[PDB]
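With one protein chain held back, the other chains of the complex are shown just where they sit.
Chain IDs A and B follow the sequence of writing; residue 1 opens each chain.
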Amino acid sequence: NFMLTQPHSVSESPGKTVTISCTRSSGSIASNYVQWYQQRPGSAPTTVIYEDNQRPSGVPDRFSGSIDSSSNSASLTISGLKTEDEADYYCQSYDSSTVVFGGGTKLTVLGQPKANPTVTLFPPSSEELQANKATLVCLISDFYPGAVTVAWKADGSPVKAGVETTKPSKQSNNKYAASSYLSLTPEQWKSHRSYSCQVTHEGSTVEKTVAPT
Amino acid sequence: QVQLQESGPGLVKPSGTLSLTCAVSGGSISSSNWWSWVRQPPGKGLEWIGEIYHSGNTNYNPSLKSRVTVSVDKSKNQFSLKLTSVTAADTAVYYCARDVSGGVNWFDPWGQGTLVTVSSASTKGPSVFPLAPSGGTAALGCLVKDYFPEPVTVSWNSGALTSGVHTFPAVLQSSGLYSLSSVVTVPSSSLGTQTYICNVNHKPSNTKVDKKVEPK
Partner (left out) sequence: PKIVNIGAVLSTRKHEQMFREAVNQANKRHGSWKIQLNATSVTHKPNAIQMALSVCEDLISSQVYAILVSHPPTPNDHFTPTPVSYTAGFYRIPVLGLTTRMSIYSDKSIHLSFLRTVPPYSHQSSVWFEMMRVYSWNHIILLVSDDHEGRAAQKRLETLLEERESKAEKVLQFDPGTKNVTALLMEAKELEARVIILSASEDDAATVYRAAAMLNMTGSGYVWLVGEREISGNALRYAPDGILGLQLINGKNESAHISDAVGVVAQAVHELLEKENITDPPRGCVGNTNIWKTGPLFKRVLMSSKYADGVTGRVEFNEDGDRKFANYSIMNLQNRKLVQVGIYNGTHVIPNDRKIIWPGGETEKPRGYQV
């Protein structure tokens, strides 16, 4: 079989025109019908382009395709790029032996708006402190782009051990999810007056704070 | 108006069987298409597996020609994929899909997609803990401590609340268990009079739980 090769990541500004190379190793490209998929993150795949360049009903004219005979590469092109063109992408050919897919393309839309993070800090629920644990919930939701430093403070002092924070990750709305988990033991919850959650976000500072009861 | 739904996303042992299955909706099987399977290890691309006609004729991928079987059922309008001898690399999401056929291979519509976690550790339901509410709106949730494997699935008021919900991805602890939470921002004056029930659905270990949250 033949390995299709895509650009690892691509990028292009909104309202523009971006190109997606699907380079086939062995055997001519135009030989076998090429298709194109937009796999939305946390969703299962959906055709954008069937039969090299044949388009379903509902998928717009901005989705078009062409097959470079001479370079041995199918090309998915989108013009007039929108915020909802930010997604993963996959060409799919076949041969006499198999059903091959590409390595894939990450298409991030160059130039977007920043959003300052909407935090939500939650105390240990009673039934948890009963269980003999103390676990503090910081949910950070709706920030562009995906980077967030989280700091956890008792009274005001740096709390180190038993701090848990994700690799932040993409939502539907492009803007990203993230959460954080402090593993105390019951008594530590009580001993101090207050507990903070700093969420610096590319310069800007955010920090909610909880008391014993 | 054709749809396709697949079996529970579970655990499977090293050197083990994959056991997946796929009902067909809004349509038939004896229809002239090929019913087939694909797979995605997490944080990576796609990869084909094989196909089965309505007759039962079959076509496997050369890299796995020795480990795969696809079978059918012309009464339920369902079929199934088995994939034996599994390992670490075989940890992936699995989609059944209709291969529109009169020439090409072209997949439409796809399956939902179910993660066969390939591991030796035990399947155990997560503990549920209600996160009570504290401008003109206010938050509340359900702490889902310690579980394996992914997935967990949640709803608020059994579907009723779409407007308001956010579900966060879980974190990997050192103890190997995960932990997530989900919220629902709610109008500040519905606190008290209106209910909010989290439908903690965890499919691999037979764990369906419910949990009422209320003002602390």
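Everything below uses one rule, namely that a contact is a pair of C-beta atoms (placed from the backbone, for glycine too) under 8 Å apart; a residue touches a chain by one contact, two chains touch by 3 or more.
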Report summary line: Touching the hidden chain, out of A:9, A:71, A:97 or A:204, is A:97
Query - Contact partner of the left-out chain, one of B:20, B:22, B:70 or B:104 - result: B:104
**Report entry** Residue of B:55, B:75 or B:120 touching the missing chain in the full complex
**Finding:** B:55
Query raised in the report: In the complete complex, which positions of chain A touch the hidden chain?
Result: 31-33, 94-98
Requested in this report: Write the list of chain B residues that the hidden chain touches.
Outcome: 32, 34, 51, 53-55, 57, 59, 99, 101, 103-105
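Just so it is clear, only the chains that are shown with their structure count from here on.
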Requested in this report: Starting from the mean Cα coordinates of chain A and chain B, work out the distance between those two points in Å.
Outcome: 19
Requested in this report: Please give the residue numbers of chain B that touch chain A in the complex, ascending.
Outcome: 45-48, 61-63, 95, 103-108, 110-113, 127, 129-132, 134, 139, 141, 143, 145, 166, 168-169, 171, 173, 179-181, 183, 216
Query raised in the report: Okay, in this complex, where on chain A does chain B touch?
Result: 1, 33, 35, 37, 39, 44-47, 50-51, 90, 92, 94, 97-104, 120, 122-123, 125-128, 131, 133, 135, 137, 139, 141, 164-166, 169, 177-179, 181
